[PDB]
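K.L.:
These are the residues of each chain, in order.
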Amino acid sequence: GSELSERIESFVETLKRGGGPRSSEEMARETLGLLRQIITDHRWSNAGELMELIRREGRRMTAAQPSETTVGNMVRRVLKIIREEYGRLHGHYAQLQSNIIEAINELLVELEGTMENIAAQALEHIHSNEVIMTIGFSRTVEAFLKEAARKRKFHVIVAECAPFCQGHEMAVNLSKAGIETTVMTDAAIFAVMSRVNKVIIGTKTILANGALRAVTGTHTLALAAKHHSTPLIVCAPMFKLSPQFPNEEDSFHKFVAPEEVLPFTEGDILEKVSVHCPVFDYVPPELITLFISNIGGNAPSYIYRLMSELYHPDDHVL
Amino acid sequence: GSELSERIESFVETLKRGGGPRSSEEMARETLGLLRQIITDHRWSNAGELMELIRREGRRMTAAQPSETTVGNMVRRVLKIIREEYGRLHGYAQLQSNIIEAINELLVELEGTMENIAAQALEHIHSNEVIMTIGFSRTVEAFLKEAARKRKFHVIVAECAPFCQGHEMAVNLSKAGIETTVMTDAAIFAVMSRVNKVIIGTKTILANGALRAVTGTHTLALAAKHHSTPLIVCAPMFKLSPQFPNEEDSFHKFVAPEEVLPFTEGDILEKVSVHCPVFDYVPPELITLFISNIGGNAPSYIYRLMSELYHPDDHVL
Ligand SMILES: O=C(COc1ccc(Cl)cc1)N[C@H]1CC[C@H](NC(=O)COc2ccc(Cl)cc2)CC1
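Residue numbers (the entry's author numbering), protein chains in the order written: chain D, 8 to 98, 125 to 351; chain C, 8 to 98, 126 to 351.
Chain D on its own, in the form it takes in the complex:
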């Protein structure tokens, strides 16, 4: 009642103001915790009432932050879990609720071991004396490289990000493990692409056609990798996979304050100028060669089947 509504409002305001929390795995875990706290302290007679309640709350959760699609596709996965449970129990009040609770429990067990499965399958994608290229900062590709460097010797080129240098902390965290990290700017990508053997990156949201939104500057990196025919690796978990089509809905990129690009101490020229800072960039599926998740490797021409294994087409509008 009161505790649920204040936790929902604090969740909406935390998604509205900034990045709370930092990692996406803790955000997915607190989304599962919010959904289970909602379903253990509510009353429903039919499964469609719970479906409409989760739809109404998920509309507010995507209206809080449209760029953060992790809560949206997590709500959609929970909705398809509700649909599968009602289908398997239709062909149901306490047994159904216990089945949904244990399904959310085993989903949390699956969610806790995504990074360890990606690090375990990292050994069959990295060979010795290799040139690795990574843009931005994410713990998935960092655990990938720091597990592949336990038995192999190779080189990682960590490119920073031009609005805010998020690759510097990743570079000083990888160089503590001794993987010979090379740091450069965003303008040298094609200027290093003649020597890069394989590009291994992460992403923010896997779209439905195999496309992906990610940190900005990686569409250029994927274009240079397609130009130089180097294979592209996406170390992404199974909660960054969303059915939101790119050209279907608006508000694709997340535009932030232009102070990180052009500071306020520039002068009188800040009135007659128009400075934009898109923190996210769109990459088409033809520039992607391989996705790597906890269940293994998949083609970009296979992601639809994962949709057919994780999402319902009636829940795409939410």
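Think about it this way: if two alpha-carbon atoms lie no more than 20 Å apart in a straight line, the pair counts; the simulated EDC-like pairs of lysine to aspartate or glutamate are:
| # | chain 1 | residue 1 | chain 2 | residue 2 |
| --- | --- | --- | --- | --- |
| 1 | C | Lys231 | D | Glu163 |
| 2 | D | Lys23 | D | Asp283 |
| 3 | C | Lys259 | D | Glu319 |
| 4 | D | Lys186 | C | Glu213 |
| 5 | C | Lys87 | C | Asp347 |
| 6 | C | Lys186 | D | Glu213 |
| 7 | C | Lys23 | C | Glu33 |
Derived from the structure by calculation, the hints contain no laboratory data.
Use these hints to put chain C with the ligand onto chain D, whose structure you have.
P.N.:
Leaving out everything else, chain C with the ligand in the frame of chain D:
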């Protein structure tokens, strides 16, 4: 007279039978020596008579071996030299000493082409590089073996399937310590994902920037264009020819098929058709840069060298 005739006939037979001599530089030197020897002991009143005489002997020399056009383009170079000398003397008796000193300075230019390629080789090799090379030629071997004097890099040598000529190049580069790796011509696209740039040579550069070379390098250039790696053809100026590709279908030099399928195979050698082309055709769109003794040139610039070393009248010879 007699000495000229027996030397010309011995040259025709040693170009008809096999590769005599071995490298292209010494046979270009002996071709220029044959041309100066056949111009010092003849009598002519007009330059057109010597033009037709050089044309007839060049027709005989290309009829000796059509795929070996170094003698043909050197005959064409001597023809353009006597053409420009008759043009600068026309606008009458001192022409012979002019052609002798022109052939002399051409031989001085031909003696110092590989050292010029080695001098300009320093701006194309960086440290900790990988290098792919197909076939065997002394130009790219000398290139790498002096570029490794100040740089540390790697050389991938892919052997040739008709004649395994990459082996002597691998053991000649490994004596200099360039960390060369020997492989077949079969994992080229299996290794093209790591090759940074490809240093090769050629046998004959055509007029449109295309080139014939040792076989398997058209596939290698297709892989280099697929991976967008720069292709560097280290070739001198006597390997430049105006012979267009679609010209009477006598492009490839077909050799005996025992190196592909031996004679001890059995009864299946009757009902099979085994071909062995030693040369292959590479279009100019798969080439990024040519390296000659005067420097580097685009494949979209070779026509100007065709306008600077040859004349369009002498293309039929
Ligand atoms: O040292 C580095 C660092 O890479 C970079 C670091 C920073 C930047 Cl900006 C650019 C590149 N990379 C090495 C990785 C092995 C490779 N190759 C070899 O050492 C051996 O070459 C071979 C040999 C055989 C085969 Cl089949 C393939 C490659 C050379 C370059």
